[PDB]
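Asker: The primary structure of each chain is shown beneath.
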Amino acid sequence: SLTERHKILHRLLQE
Amino acid sequence: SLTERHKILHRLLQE
Amino acid sequence: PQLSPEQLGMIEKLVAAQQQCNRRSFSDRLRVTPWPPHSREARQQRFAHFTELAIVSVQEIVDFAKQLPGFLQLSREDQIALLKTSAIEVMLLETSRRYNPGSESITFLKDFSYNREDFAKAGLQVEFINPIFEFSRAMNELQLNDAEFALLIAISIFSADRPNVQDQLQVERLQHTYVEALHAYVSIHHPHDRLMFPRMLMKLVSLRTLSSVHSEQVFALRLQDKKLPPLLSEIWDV
Amino acid sequence: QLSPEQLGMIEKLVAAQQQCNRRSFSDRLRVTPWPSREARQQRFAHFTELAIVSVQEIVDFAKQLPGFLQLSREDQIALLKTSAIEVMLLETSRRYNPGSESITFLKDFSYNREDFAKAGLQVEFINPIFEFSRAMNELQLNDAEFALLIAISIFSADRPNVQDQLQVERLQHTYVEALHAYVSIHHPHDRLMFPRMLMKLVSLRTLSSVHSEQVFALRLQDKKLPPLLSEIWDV
Ligand SMILES: CCCc1c(OCCCN(C)C(=O)Nc2ccc(C(=O)O)cc2)ccc2c(C(F)(F)F)noc12
Ligand SMILES: CCCc1c(OCCCN(C)C(=O)Nc2ccc(C(=O)O)cc2)ccc2c(C(F)(F)F)noc12
Numbered sequence: 681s682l683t684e685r686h687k688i689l690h691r692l693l694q695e
Numbered sequence: 681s682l683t684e685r686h687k688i689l690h691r692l693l694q695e
Numbered sequence: 204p205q206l207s208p209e210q211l212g213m214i215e216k217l218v219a220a221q222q223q224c225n226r227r228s229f230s231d232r233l234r235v236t237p238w239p244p245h246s247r248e249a250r251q252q253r254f255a256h257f258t259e260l261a262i263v264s265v266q267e268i269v270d271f272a273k274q275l276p277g278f279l280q281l282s283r284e285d286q287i288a289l290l291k292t293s294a295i296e297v298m299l300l301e302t303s304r305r306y307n308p309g310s311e312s313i314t315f316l317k318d319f320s321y322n323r324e325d326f327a328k329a330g331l332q333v334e335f336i337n338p339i340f341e342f343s344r345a346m347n348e349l350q351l352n353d354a355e356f357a358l359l360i361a362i363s364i365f366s367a368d369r370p371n372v373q374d375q376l377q378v379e380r381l382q383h384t385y386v387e388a389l390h391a392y393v394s395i396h397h398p399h400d401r402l403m404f405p406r407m408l409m410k411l412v413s414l415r416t417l418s419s420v421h422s423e424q425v426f427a428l429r430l431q432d433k434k435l436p437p438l439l440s441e442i443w444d445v
Numbered sequence: 205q206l207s208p209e210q211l212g213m214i215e216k217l218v219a220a221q222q223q224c225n226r227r228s229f230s231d232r233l234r235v236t237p238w239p246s247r248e249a250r251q252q253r254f255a256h257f258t259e260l261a262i263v264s265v266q267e268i269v270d271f272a273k274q275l276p277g278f279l280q281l282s283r284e285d286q287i288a289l290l291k292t293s294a295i296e297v298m299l300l301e302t303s304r305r306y307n308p309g310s311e312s313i314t315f316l317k318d319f320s321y322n323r324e325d326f327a328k329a330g331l332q333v334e335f336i337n338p339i340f341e342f343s344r345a346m347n348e349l350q351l352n353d354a355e356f357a358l359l360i361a362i363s364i365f366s367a368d369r370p371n372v373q374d375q376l377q378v379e380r381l382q383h384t385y386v387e388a389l390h391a392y393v394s395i396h397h398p399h400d401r402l403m404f405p406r407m408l409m410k411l412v413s414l415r416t417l418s419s420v421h422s423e424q425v426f427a428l429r430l431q432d433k434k435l436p437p438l439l440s441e442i443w444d445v
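From first to last, the protein sequence lines stand for chains D, C, A and B.
Under PDB author numbering, the first residue of the first sequence is numbered 681, with each subsequent residue one higher.
Under PDB author numbering, the first residue of the second sequence is numbered 681, with each subsequent residue one higher.
Just so you know, the third sequence maps onto residues 204 to 239, 244 to 445 in PDB author numbering.
Just so you know, the fourth sequence maps onto residues 205 to 239, 246 to 445 in PDB author numbering.
Chain D with its partners taken away, still in its complex shape:
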């Protein structure tokens, strides 16, 4: 998945 390869972006989105 893209999600597993974009940890910092994923965390910014989660808050």
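Since the hints were derived computationally from the structure, they do not count as laboratory data.
Cross-link-like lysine-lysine pairs, in silico, DSS-like; alpha carbons within 27 Å at most:
{"no.": "1", "chain 1": "D", "residue 1": "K687", "chain 2": "B", "residue 2": "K291"}
{"no.": "2", "chain 1": "A", "residue 1": "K434", "chain 2": "C", "residue 2": "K687"}
{"no.": "3", "chain 1": "A", "residue 1": "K291", "chain 2": "A", "residue 2": "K434"}
{"no.": "4", "chain 1": "A", "residue 1": "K433", "chain 2": "C", "residue 2": "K687"}
{"no.": "5", "chain 1": "A", "residue 1": "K328", "chain 2": "A", "residue 2": "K433"}
{"no.": "6", "chain 1": "B", "residue 1": "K433", "chain 2": "D", "residue 2": "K687"}
{"no.": "7", "chain 1": "B", "residue 1": "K273", "chain 2": "D", "residue 2": "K687"}
{"no.": "8", "chain 1": "A", "residue 1": "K216", "chain 2": "A", "residue 2": "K273"}
{"no.": "9", "chain 1": "C", "residue 1": "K687", "chain 2": "A", "residue 2": "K273"}
{"no.": "10", "chain 1": "C", "residue 1": "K687", "chain 2": "A", "residue 2": "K291"}
{"no.": "11", "chain 1": "D", "residue 1": "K687", "chain 2": "B", "residue 2": "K434"}
Position chains C, A and B with the ligands relative to chain D; hints supplied.
Answerer: Same frame as chain D, but now just chains C, A and B with the ligands:
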């Protein structure tokens, strides 16, 4: 110039 | 958006210019090397075939641009600058025009349709093939007629932001007249859908990205030591 | 014909952008200042940290976009990964100073083509950034237009790896329609302004590609991007 480097295209334009 | 006589005549001439450009290339398209089982020979003939379709397409694109109002008043230098970079976009547009949703194929020659596997066999990489057919799928949903394609093509050609354009003011001014013409035309063809006009324009955005993917295709050919024929090499090779 | 719902949505976007600008004030204050190997590094660090803060604002702005958080997190990331740079270029062109041909990032500080090159970017990217900024400034967009163009850029159904293309497109179109209705009030005697704005989305795609070559040149030079920028931009 672009023209000197595009001799076929140029000839197609001339007619 | 009020379609004027001047716009109406102009759209009709483009549509007639396109049809006239195509009959002019009927014979040259007749001597394209025929489309041929598992040999180096066979993959050269398919590549030869496809590239020769592209050669004639560029001939048509040039011919059509000559009939575009204001195009020939540009310097020949600006004319070459516009065509060098729009050609692939015009070709991708013409490709999407000939798309068959049912079989997800492209009909170039009349009794003969090409699917994703045929493109691969013709020498193209899947990273380019797949976006061509996706773009073609999306464009088919919009169901553009001759007039909307002719104008989309003209708008694509008159892009002030191509590399090496001198008279950016005038090229932009010319693009705007075809944008207005399209806006007015789409108001007759789709009078209850104010989204159809911007959706067409938005496809030019997708085209820019296909152009970029195409540049990567041309770069891969170099590494395959697969050489483009002279006209395609002149416009596409670095 | 601008409806109550469109007018309200446009105003929230504009409020959202200012709210996002506020929440990243402190982060922009802690960024390595603009200043050998030490000076060269510090400039690159200065620029890249501005980009990081900027990516954080774009993320925060996207979360405020109606429909964005209802897309899968996978699509959210899909959309943000490829539009980030286009949104950054739009923000760059917003801060263009025509008279000096410079970009005002931090408020007492303008950056020109020379400063960009000193920060570690190549001329093949810089000149296109400045040419686009020039063309963009002639349009004289306002907050509302910039915010809508940014939404439309984010809701691009044709990005790589988008699953719910239908929904992304459907959302984009609400912003296109709102922009059209809005531009008819702001420019009631010029029906070209609306399409001219959408054609800047075309230019941004090319600039996005010229940016990919810039990211590639950094590989060759072994100038590594910090982690957030590397995650979104590196192959
Ligand atoms: C596909 C993307 C463009 C494209 C090609 O197009 C071949 C197809 C060109 N074309 C639009 C066309 O032929 N139209 C067309 C009209 C009327 C009739 C008719 O009336 O019979 C028949 C045909 C061929 C080769 C290449 C390459 C590379 F060179 F790198 F391989 N890169 O991009 C390419
Ligand atoms: C320009 C191209 C984008 C860009 C960068 O942007 C630096 C600038 C980012 N930016 C748009 C921004 O900061 N805006 C901004 C808003 C508000 C305020 C404020 O309110 O004070 C201040 C500033 C920095 C590094 C790179 C690189 C690479 F690293 F690959 F070289 N590629 O592209 C880059």
